[PDB]
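Only one chain is given next, in structure tokens, and it is the form deposited without its partner chain.
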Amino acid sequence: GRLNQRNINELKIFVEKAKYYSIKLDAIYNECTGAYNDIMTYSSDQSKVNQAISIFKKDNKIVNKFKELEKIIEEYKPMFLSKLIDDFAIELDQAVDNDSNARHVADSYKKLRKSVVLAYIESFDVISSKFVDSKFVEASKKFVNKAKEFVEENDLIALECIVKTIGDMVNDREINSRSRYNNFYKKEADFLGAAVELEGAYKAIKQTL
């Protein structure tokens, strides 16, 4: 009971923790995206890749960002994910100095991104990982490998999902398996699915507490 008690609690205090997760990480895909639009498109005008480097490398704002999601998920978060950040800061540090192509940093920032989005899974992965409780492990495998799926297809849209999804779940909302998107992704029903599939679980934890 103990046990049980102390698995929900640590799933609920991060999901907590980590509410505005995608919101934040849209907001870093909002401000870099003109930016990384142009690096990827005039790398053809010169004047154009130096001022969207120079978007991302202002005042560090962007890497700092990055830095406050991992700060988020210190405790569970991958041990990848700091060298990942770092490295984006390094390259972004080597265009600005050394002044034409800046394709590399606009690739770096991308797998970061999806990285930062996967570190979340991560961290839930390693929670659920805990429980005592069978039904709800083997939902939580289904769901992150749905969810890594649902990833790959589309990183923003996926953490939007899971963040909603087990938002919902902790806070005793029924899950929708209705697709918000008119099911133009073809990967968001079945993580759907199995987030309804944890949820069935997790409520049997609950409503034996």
Second form
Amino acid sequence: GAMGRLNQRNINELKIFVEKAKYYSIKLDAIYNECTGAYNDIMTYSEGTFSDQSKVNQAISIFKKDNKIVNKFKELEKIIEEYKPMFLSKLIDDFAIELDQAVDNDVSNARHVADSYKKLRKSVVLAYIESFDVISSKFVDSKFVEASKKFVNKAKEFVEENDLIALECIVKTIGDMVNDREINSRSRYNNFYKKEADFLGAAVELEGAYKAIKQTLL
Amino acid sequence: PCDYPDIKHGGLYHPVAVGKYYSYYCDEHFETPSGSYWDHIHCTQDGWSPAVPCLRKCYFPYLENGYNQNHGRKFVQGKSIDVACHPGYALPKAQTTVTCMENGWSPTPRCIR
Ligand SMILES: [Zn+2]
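With the form deposited without its partner chain already on screen, would you show the form solved in complex with its partner chain?
Everything in the complex follows now, all chains and molecules, and the chain you saw is the first one.
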């Protein structure tokens, strides 16, 4: 009865998180689309066959232009800073410097920028799962902590296969849960991504625990 | 009958009359109708005989989240290629065909989200 009051605080501190981070996949997709050209050119000409330094330089220009991509990364930290202080702050600051010191015509330099971007992007996705993790961890319903552990674990495997697809699925699935919307276990990518099915299974188990808690407060 | 020629995207090695010819080169990212770095420009009946003297070459890029069998392959102005992306990603404006053109690929090949 004074347990209900606490289960509600949990459910609430989760709904807040989900609402504040609601647009996370949508903003990372935005970043991805604006950069996929540059990272493509850099990987194309870091392969030892031929090189277009103009291209490999326009690639670098798109990353640094108006310190915007970096800024769009800072926006995503701001959302998760509450839950997981200075996960990303180190790697964003590191990535901004690498772009400043980015030397013209050095291809090994570019390719380091591309690899760093590609890491910083994954890190941003992982920080959503880490923020979920620290919140579900503090839940007094133990069945939910068990489900939440398993969900975090299967979530991270999905990220290592593909970070943007894992994230859009994780955001859609938890957004469904806290909005009392049925979770579909059937794949949304024709089973191309191998980690989806088991993550969706963890998501169903967590629905069950969540749905069990809510009935305590009726 | 054939006044000074300008090799768009190239130049001459160094008014004119029919029968005369000049040797010409193509800039780094272009080649000749024969596939070579150089060739003759010929004063003819219908102007200079290589109408379009230098033709662009396109290398198909690695595509993050794409089917990449074709990455590295070289194409020449006028040549097209079937692009396809992993589920979740796609070529923009629901297109499926990219074409090598004077200024390069059109549209640009990328798998977006
Ligand atoms: Zn390769």
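The term rigid core refers to the most C-alpha atoms you can superpose between the two forms while keeping them within 1.5 Å. Residue numbers count along the first chain shown, from 1.
Relative to the superposed core, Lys114 shifts its CA atom by less than 2 Å between these two forms.
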